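**Student:** These are the residues of each chain, in order.
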Amino acid sequence: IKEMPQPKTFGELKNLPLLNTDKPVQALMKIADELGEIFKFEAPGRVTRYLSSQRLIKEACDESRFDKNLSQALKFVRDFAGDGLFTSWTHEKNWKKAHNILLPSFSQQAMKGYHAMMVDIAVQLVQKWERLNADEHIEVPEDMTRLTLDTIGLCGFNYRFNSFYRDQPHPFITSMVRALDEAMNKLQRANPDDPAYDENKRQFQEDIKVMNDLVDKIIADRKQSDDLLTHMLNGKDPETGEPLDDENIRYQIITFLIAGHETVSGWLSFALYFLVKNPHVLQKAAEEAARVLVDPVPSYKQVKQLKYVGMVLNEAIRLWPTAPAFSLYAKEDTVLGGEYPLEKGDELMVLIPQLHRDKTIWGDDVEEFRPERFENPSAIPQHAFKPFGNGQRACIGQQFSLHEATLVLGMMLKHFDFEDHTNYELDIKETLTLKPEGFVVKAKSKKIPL
Amino acid sequence: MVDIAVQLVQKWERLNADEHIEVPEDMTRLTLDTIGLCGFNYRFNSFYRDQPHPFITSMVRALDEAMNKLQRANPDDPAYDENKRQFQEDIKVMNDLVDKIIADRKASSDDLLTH
Amino acid sequence: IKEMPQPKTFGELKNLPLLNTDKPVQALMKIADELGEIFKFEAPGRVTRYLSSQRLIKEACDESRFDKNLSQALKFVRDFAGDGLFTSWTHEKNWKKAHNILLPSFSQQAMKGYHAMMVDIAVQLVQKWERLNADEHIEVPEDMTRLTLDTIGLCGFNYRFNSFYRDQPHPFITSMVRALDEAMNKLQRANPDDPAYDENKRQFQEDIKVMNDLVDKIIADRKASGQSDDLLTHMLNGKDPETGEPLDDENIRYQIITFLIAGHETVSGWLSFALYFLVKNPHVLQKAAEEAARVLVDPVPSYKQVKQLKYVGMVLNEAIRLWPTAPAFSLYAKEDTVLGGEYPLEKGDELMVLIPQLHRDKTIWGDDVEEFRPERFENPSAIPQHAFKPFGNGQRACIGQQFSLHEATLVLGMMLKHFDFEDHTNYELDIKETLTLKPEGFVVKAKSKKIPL
Amino acid sequence: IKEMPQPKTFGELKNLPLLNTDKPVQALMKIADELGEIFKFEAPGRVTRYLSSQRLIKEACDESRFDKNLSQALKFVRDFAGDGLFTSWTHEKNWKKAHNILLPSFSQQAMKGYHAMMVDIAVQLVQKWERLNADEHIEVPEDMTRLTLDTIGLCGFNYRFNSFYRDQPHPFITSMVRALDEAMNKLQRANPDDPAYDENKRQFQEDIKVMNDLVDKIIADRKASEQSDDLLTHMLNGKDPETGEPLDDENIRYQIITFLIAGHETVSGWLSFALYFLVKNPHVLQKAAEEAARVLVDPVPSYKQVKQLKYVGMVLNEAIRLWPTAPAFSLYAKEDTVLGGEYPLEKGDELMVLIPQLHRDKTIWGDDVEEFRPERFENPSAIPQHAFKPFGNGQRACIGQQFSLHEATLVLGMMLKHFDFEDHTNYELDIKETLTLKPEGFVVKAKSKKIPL
Ligand code: FDE
Ligand code: FDE
Ligand code: FDE
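Residue numbers (the deposited numbering), protein chains in the order written: chain H, 2 to 224, 229 to 455; chain C, 119 to 226, 230 to 236; chain B, 2 to 227, 229 to 455; chain A, 2 to 226, 228 to 455.
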């Protein structure tokens, strides 16, 4: 039962200066590489422990001892998402209520309903790229969020953002980035009440009104369908017989627009990066897509058969998990790993990109992109691969993402050949999530019609 | 009372043609200004404000807290630390406003506060 | 005498660094104090000469030799005021057309029509100040912009901004301040295409959208739903004698913006400075409150009574002499000429009149040019021509001079009748500069004289 | 019985944002004008109460209940002034020790010895101005630091700084202003250990080494042969009457720094202000030059002649009244006490005397506190006790008080004898704040009266 490592302190500022970058998650990974499986991290008022090894995280994922915690990041995001599924505490009224009301919308059969609409937007993406003249290129992260925002909008709410009819980023997304960017910058503000932050605070509200105005436009377009929005309005709580409060329903819409398109958007962009940097892996998935997608538009069953594309997807999110961390707190007093005592209420952070690079589980080539590690999904021991959270607070849209990413990635491989014409150097922008910045490619159409 | 009521009428007469009226927000503007003037000779000037008076926001959040504590199973859950904080933040603002009313009289009547 | 004075130069940046302050006009007032009646001012790409003495200003006011120029300041205001009266060239189409169409709206026959609506806005201010609690104070420039904006909206467009029902400045006022502040800061950018200014370049546009969204709201309440005889009917219905046609809807919108801005912003500064000199010169305040008690004998002021507030008008004039809230106007050389017999000008050379400096000429105003003595205006005829130019010059002079002076006189009259004013902080005059001038933190406390309305 | 006023608060930062300007003392003077005779000012770890009225300052100057305190400003200057006379606690061994040995260096008999050296520096200033060409001007605070620094150098240590042979300031003054400004800016830092201030910490230390490299130059040039009878002789050889010992090598090092800084910086500010009031108040300037022409009848003035320039001293007294170049001094409560019968104080609580605010108490000086009226100082006996405190209080009052006034009169006497001064720029007073006060960018022109030396 020994003492815990800790990085450099700056007097009364503690460890806060060490995350004084636009890339805090990558700075924590360096500290993890420098200090190991666990280290203590102090801020003016907060203290947290970062876990990097599967040995300690395996006990942290035990729901008998640990419960989902709202990190200082989520408490700031709660300023515009409120008590929706992502930023809710487990033991507060609306998490249980809404979790059970929304869960039918993510069943395997609900996915069959989404498929036609997912195919709608994916065809729009293929048609955008097929109409590029020979000199033009593609901005990967921008066209992916065009697609992922449109999917969550059409399937969830029957609302058309028409992102492909906008050369500019969609206004909802542009202020959302600023709101998520603001939240992350507040984690680095020592004294958030300095007058210097008065422009920053007023812009922050300006961006929330933009997010709420769109939601009221989504609500006004309804009040003919059995989508996710019908379920928010109509589902009863079995114990009380009542539907979700209107203020919560606005909160869940925001949550799904954000969590339901950004992490999928980063995902697809990373998968395209690793393919275009590993050209043999790209032709093996291109062979599978040419084999399985035999129709002008894909069917639901065909997506289920793109086994190798799926492994590409799992190996990308292993290397770069687009939601990079989740937080826990100590239900009751306990000792961690038989060496580290924790009092009730002590907080842990699972550093997901560090868990997925644990040499002791994945072998001594953790940093290489090898999709063939997931040819045997069962081989990997429990709690070693945690890109979607843990337990009852794990990602509810866990199958929706996989189907959307697989379908979209499948059709791109069927219809285009991709050249990394600039020799792109991977640069990971951090909002609270991860995405490659300025990643561009060229796509020669294989001239297969739709 | 007529003082406050005339202020409300004049607010509605000066709206432009396309605008509308949110009734409970303008009613709280009227009734609160009335208790302030009649009770304490104190002018909240609620109709000279766009958003609610800060006393009104802290009061409703305090009343909302009181009602929500009734439905709460496990009152020490970490989910409620913000609530305990915010509750105490809302107590100080209501007392501060009462400190402003009491002190504003030590300057200066035969109203409720005089009794 | 032949060579022209010029301040310190900074390499390929010329004189531009000299204006790196939040207060550029007062910084120019100090260069003139050091260099005299005229000096050359170079920035990367532009050159202008600043005039300060009545001797040269009288020559520049010769309309046969000089015409109104769009200073670099106004060219940037033209990005949202467009082709309106203020930012229009004399010889381009929509100036003379709009001027002839709109001049009837500022005759003093129209002023009597506006008077009832101006009284409306003014009573709302009196009632705000009477309803403050004992400990409260007043923010002077903030409450003056509420009144001046509400007056131009109601009299000009039959529109109510309802600024006294709003805690914060009205949304138009907030974007407009940022648009003027963006303009003022653009005069200092060595490279306006630098990526550093992308948030500025985008923020600037967001604020243009807000002002035009209000202009759409005013026209939405008119050119559909209804019969007024205000400024806007004249914009929609007046015709041009040479062409027979009214103004294009695009220009009308530019004219609405210009009247919202130039018609309240300069006025709110006027009242704030006038009230500043009053609480700093209490005997001038006593004499003005005596005329106000005498003339304003009814519960509400009439048009005839305002025309009789003579000492108040001298205060207002002595205020605008010290701090002319639109602080400069620009001119250029129609043809080659020599100015003052020593400084030649090629055709097209630009001159800028430094109004606060011309108003501080000792050779004209005597030896107490900085004292606030309203009695210098006791016989308005005694002043030399081109000695007092707070409202511009020639045919491009301020079209709203009789409108502003009437508005400023009426409101200052009612405050003096209804309140006693305390400079409870010993306010030190700190004058914020957008493109207009107003004091920044001026506050007072006001004891009500308990006179009914 | 009364709660104490406090200005606007900013969350956990308390009042600290309010002084985030380049002019914190002038910002506190403003806060005093709104909040009155005493207000509490909170910072994250510290609390201080600012006094402005003679009513409360007379009690703070009571040495049985209050003793000199080190404000946060002096605690930072103690980082390079160390244990010297200014930054020591009165209960420290080195204070009474250094006071008793150095106090003789300022007895009247010494002034006669310094007088010859003082004249040397001043004659250099007169002839510097006599050698300016006609178009050139004079930088007032820049030449005054040249004089006072050279004077303390020659009178104190027999060391020639030769400032009039210098480009821009000496390396000591150049390094010292940065050290004093760093000290002033450390007062605004929410968290000092922040990495952003590493360039500042590096630069602050680099400037401390420069100043010591000069005291070491002075010490080495002295013990290299040594029968002087100056202040440095007393530091090295005099023994303390109470303890029989002389000063530490470490402490002699700290006093040399102490005397070079506070002993020229406040004198230079003083003289710049007096010259500002002279060129802005032309009636007092003629009376001062008519007396100086009267008394200074020799090629050089004698000690006896300077002691007779009564009106010149009155100007100096009225200058330092309005702008005490050392703007504040700090006190703490020996034991629990009640201040003003209204505000209770715990033992050790900190008070700040706001000297420019004390000198503007209309209840003591009359209703013309902003007027430069030297005749308040004609019969000093009328002046109520503790109303005029430009040199501190009690046993911790300014030790060089007579030294400074005599130097200031001598120089001010000679400038007036030899020159008429033109305020050719209409300089607008701008008060730069290091930890001391001086006018920034004050310039004049001086036509020589052509009187030989
Ligand atoms: C719609 C959708 C879509 C999606 C996607 C995704 C991707 C790609 C990735 C991801 C992730 C995730 N998630 Fe995700 N997602 C979603 C969602 C969600 C929600 C609602 C949540 C929360 C849940 C609960 O709690 O109930 C999540 C959730 C999630 C998580 C966890 C959180 C915490 O904090 O714990 C993670 C890690 N997600 N994700
Ligand atoms: C409504 C209104 C109001 C007003 C006011 C005023 C005041 C207080 C002051 C003033 C001023 C002036 N203006 Fe003034 N104002 C107005 C207006 C105007 C207009 C529209 C103009 C333009 C004209 C022409 O050109 O046509 C002006 C204008 C003006 C001027 C000139 C500018 C230039 O550049 O030239 C001046 C200086 N204004 N202002
Ligand atoms: C040499 C010299 C010169 C001078 C000058 C002067 C002038 C002009 C002004 C002045 C001032 C003064 N000071 Fe001055 N001075 C000097 C000095 C000094 C010293 C050493 C001191 C210390 C003392 C004790 O004891 O602490 C002083 C001191 C002094 C003071 C006090 C501080 C406190 O905190 O208490 C004051 C306020 N001074 N000052």
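Please note that the accuracy of each hint is not assured.
Derived DSSO-like pairs (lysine-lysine); straight-line CA-CA distance at most 27 Å [as the list claims (entries may be wrong)]:
no., chain 1, residue 1, chain 2, residue 2
1, A, 9, B, 129
2, B, 129, C, 224
3, H, 210, C, 224
4, C, 202, H, 76
5, A, 41, B, 31
6, A, 282, B, 447
7, C, 129, B, 129
8, H, 202, C, 202
9, B, 449, C, 129
10, A, 364, B, 449
Some but not every residue of chain A turned toward chain B, in silico, with C-beta under 10 Å [said to hold, decoys possible]:
no., residue
11, 34
12, 126
13, 332
Hints in this document: simulated from the structure, not taken from any laboratory. Just so you know, even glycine gets a beta-carbon here, dropped at the ideal spot from N, CA and C.
**Student:** Against each hint, give a clear statement of whether it holds in the structure.
**Tutor:** Evaluation of the provided hints:
no.: 1; hint: 9/A with 129/B; in the structure: holds (24 Å)
no.: 2; hint: 129/B with 224/C; in the structure: holds (23 Å)
no.: 3; hint: 210/H with 224/C; in the structure: violated (43 Å)
no.: 4; hint: 202/C with 76/H; in the structure: holds (15 Å)
no.: 5; hint: 41/A with 31/B; in the structure: violated (38 Å)
no.: 6; hint: 282/A with 447/B; in the structure: violated (33 Å)
no.: 7; hint: 129/C with 129/B; in the structure: holds (13 Å)
no.: 8; hint: 202/H with 202/C; in the structure: holds (24 Å)
no.: 9; hint: 449/B with 129/C; in the structure: holds (26 Å)
no.: 10; hint: 364/A with 449/B; in the structure: holds (23 Å)
no.: 11; hint: 34; in the structure: holds (5 Å)
no.: 12; hint: 126; in the structure: violated (24 Å)
no.: 13; hint: 332; in the structure: violated (25 Å)
Of the numbered hints stated above, those contradicted by the structure are hints 3, 5, 6, 12 and 13, listed in ascending order.
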